[PDB]
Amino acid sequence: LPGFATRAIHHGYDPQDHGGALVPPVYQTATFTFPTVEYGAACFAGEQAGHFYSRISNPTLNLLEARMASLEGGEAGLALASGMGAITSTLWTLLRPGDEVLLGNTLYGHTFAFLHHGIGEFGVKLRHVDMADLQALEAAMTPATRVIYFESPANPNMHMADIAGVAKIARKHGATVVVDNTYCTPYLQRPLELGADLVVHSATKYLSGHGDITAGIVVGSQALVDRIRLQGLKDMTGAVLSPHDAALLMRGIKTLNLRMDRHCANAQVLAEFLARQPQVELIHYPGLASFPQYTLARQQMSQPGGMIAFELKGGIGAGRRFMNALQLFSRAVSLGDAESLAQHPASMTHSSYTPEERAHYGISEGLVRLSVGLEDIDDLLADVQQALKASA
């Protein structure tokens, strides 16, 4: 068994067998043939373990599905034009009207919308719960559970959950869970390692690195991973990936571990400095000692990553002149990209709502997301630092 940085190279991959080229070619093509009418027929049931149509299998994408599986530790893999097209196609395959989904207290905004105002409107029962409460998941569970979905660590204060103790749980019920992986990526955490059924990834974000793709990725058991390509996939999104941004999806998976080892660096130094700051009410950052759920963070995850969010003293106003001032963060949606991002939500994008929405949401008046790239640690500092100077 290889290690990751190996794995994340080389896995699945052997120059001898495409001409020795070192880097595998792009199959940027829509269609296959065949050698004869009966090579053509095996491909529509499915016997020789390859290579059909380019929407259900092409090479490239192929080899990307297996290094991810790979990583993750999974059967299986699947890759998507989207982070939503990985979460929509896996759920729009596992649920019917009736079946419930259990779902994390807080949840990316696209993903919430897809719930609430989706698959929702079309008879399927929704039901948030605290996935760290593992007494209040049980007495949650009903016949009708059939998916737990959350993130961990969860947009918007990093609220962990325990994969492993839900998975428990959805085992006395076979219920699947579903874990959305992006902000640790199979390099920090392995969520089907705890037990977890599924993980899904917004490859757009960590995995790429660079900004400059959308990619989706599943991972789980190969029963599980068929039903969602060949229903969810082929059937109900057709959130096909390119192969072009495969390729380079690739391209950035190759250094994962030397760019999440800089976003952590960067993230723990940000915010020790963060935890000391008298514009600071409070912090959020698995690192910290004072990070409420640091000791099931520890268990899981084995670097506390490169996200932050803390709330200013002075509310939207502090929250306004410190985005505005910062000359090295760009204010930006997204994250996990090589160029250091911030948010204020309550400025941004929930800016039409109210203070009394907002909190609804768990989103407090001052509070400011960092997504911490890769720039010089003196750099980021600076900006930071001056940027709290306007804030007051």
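C-alpha atoms forming the largest set that superposes within 1.5 Å between two forms make up the rigid core. Residue numbers count along the first chain shown, from 1. What changes on going to the form deposited in another entry:
Taking the rigid core as fixed, one finds a CA shift for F32 smaller than 2 Å between the two forms. In the core-superposed comparison between the two forms, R331 has its Cα shifted by less than 2 Å.
Once both forms are fitted on their rigid core, the CA atom of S54 lies 2 Å or more apart between the two forms.
Given the form deposited in one PDB entry above, I would also like to look at the protein as it appears in the form deposited in another entry.
There are no partners or other molecules in what follows, just the one chain.
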């Protein structure tokens, strides 16, 4: 009922319950005590029989979880030490040897490495499918298919999946659909509202917004999230989020809407500019009318995002020269920071892939990815302009 910005500030917290504290106190405590051992045993017996209690759990983490659940429109949330923590805790819970996971064609490097060199080496079967192509996806479904996992838009080429289409297919086989919603955040896209079962985030990125914490979030139905908490997190990863970092993340979430509006406004201008430049061969930005999945993008995303990928005609050398000339944009991995960032993976940083896997899946050569920050657009334009000139 209250609006997104209202919920991002207030959801799950009334100051009058914590001595009037306007900002909730930070529970930086590894443990909680009991009034009797009988009461203590009841807390662990509940958890031992699959029930999450909110007594032997941290109220700072609980509040972050409830708030993220509200923003994504899910039943329950789980906070973890990183995006990789969210992903691995989720998949280790849901998969066992002989199960199959159907994967988007393009994934974040460490997700790819986890799948191919981690869980995939313990007898879990993997298959990559184009998640926009529903007839290909339907034909890839097998009785072993238990999870469908993808990012949308897909890092780093912005390929989109048809989330409602995927969910419709999955539902015929009872398969669980997991969407990495890092790029969009719940402010731009809510995959659970389109039929996904679970969403994962690297909250290290836009949710934090300020580049100072590492964190992960899972949001979904109570039964799935409980199992990921009690098995994935507790037993299989130990990817515990610091209450300090959780509190900072909640601080970032309070400006999520305002930050995302600005990331998007800035990236729209840079995309319009780059699409016209002679040095630029191709560009991937969902807000351009020429984006191949323009219509699908606008069905799922309320705004076209803060990320741009493009390719320079001069290939790898031009890519390098462009990167090296940047003075305001920083040369770095990561995204979703106040500071604008750039990376040119042909100076390898989707490096978990071999050269042939990068070619087979959608990762190129003159390809530069920009995380457009919150700086004054006129300064960002000037920096991109002179770097483009230097790329000759």
